[PDB]
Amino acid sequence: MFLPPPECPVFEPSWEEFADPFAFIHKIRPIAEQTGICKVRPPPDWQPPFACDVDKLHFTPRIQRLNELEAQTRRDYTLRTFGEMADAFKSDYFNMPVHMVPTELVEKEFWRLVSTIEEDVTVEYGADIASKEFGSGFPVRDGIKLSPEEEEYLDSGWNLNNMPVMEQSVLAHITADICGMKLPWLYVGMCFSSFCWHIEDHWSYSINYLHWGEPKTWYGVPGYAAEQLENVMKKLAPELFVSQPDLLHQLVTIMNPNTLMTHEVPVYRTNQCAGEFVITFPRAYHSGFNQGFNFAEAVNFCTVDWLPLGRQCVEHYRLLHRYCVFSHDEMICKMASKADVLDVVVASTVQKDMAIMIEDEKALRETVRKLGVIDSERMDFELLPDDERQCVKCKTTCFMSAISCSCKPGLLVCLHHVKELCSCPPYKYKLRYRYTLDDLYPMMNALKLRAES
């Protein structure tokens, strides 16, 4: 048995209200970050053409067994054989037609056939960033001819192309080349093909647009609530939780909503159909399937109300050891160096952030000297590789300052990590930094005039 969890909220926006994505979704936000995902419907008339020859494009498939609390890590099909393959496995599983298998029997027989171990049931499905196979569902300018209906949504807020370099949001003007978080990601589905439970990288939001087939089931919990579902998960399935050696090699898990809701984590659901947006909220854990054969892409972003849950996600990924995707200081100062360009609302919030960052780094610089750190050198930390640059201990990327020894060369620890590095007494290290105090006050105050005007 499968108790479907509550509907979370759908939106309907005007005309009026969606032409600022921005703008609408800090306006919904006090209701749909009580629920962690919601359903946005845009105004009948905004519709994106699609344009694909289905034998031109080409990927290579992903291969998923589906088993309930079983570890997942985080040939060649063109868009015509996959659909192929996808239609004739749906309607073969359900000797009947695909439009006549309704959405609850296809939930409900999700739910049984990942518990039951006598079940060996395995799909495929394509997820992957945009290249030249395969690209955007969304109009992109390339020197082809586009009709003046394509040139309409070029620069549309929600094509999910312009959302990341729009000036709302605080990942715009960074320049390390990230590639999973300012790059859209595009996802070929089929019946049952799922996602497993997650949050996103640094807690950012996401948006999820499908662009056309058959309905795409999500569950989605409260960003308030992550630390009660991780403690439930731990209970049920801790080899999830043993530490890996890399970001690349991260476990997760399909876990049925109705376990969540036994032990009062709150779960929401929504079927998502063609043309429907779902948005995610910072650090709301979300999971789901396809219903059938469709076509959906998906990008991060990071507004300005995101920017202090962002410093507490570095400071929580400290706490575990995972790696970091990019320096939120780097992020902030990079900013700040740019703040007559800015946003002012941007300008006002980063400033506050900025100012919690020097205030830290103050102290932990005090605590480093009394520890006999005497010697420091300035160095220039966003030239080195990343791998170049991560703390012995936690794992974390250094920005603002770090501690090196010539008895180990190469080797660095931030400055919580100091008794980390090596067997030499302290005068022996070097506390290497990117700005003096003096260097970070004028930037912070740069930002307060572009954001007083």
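Note that the rigid core is defined as the largest set of C-alphas that superpose within 1.5 Å between two forms. Residue numbers count along the first chain shown, from 1. First, how it differs from the form deposited in another entry.
Only 128, out of 128, 230, 360, 305, shows a C-alpha shift of 2 Å or more between the two forms on alignment of the rigid core.
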The other form holds:
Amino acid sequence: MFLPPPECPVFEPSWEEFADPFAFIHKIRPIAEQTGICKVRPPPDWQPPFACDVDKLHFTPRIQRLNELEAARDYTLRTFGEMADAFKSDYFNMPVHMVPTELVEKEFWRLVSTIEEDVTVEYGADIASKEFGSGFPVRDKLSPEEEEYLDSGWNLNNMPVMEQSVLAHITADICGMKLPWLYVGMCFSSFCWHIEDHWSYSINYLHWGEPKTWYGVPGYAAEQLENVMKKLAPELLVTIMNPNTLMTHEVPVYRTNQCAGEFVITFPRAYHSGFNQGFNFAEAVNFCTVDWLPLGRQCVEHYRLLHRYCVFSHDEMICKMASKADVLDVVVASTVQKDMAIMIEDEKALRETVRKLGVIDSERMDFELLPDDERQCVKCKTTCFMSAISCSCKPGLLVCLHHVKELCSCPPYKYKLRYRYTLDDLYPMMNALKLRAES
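Beyond the form deposited in one PDB entry, can we have the form deposited in another entry?
Here we give the lone chain, stripped of any partners or molecules.
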């Protein structure tokens, strides 16, 4: 038996509300952050055209064996869809459009929990927009109808580069966290419980096909969910776990059926999972708002405790924006300035601590020029930028300032503090942000 979780919130914005996606996301945040995910239906006439040749775009999908708590060939879009439809109609012995969504959901959770069944499916997942092309129109002759949607904020190609996005002036290739990803689904293909890199937002648009079923958990319950999954499946790596099991342990869970033409938004640190009802085509991108900035700093601290790799350096992003203060949105400048003040005070305290450990020598270093795998802390794997410690006895190795004692057997007077900026360089950068924000 499966008891469906309660429905997440659904918004139907007016044209005035819809005109600015970041203003609308900030508007709904008080409600939606209490449920982790939400759904947005655009105005009825917002109808971006989709054009793909089903025969000229190829992919190799991942094979999925349906098993709860458990951690190939080439298709065209046409041949995948023929495989997908025949699978679903043979599975239920019905036409695909007659299979109720409540029954597919019930059957999915039965399937993953029975070991007597060996059902396997395929999922065209994490296809890069760069090779395959986007489902939204982009500049590359386009029709006037496609030109109408080129500059829409809800065209997911635009959202990362708008002024309210805090990566808009970041030119580093912060790994496809600025380019959309595509997902070609079939019946029962799924995504496991997870949160986004650096606790970012995500936004997902279903271009066409049968619905995508979601489950979501609010950001405030993240550690509660993690404690529950540690007790029940310590081997974890992500997995499928029945939402009724989380609910039994007092974790709040919400559901929705996302249909063609609808958006789903996930909020910072919000766990989510789901599965596809049938053949469909989705597109998604990550993004970061000013709301997110202090959570982004908390996230990198949490990664350090766990010894987890970073996708980018948060401090490097902050300093890059400071160096472009004159072209930032004024509310962006204000919020970056507050995060930078915390950064500088934490950095000041860390440098005093390592000096009292006996590190005396020092030298400026342009960390941003090193490949990422050449500037990770030996102990905690954090990506260094503000500063690190090196030792002549172990060339090329770095520790962050929390892990001075983990580098060398040599005494600390043989160490060197490598630093990007003096404290005296940092305070004028923060003042430029203040001037920008106060005007």
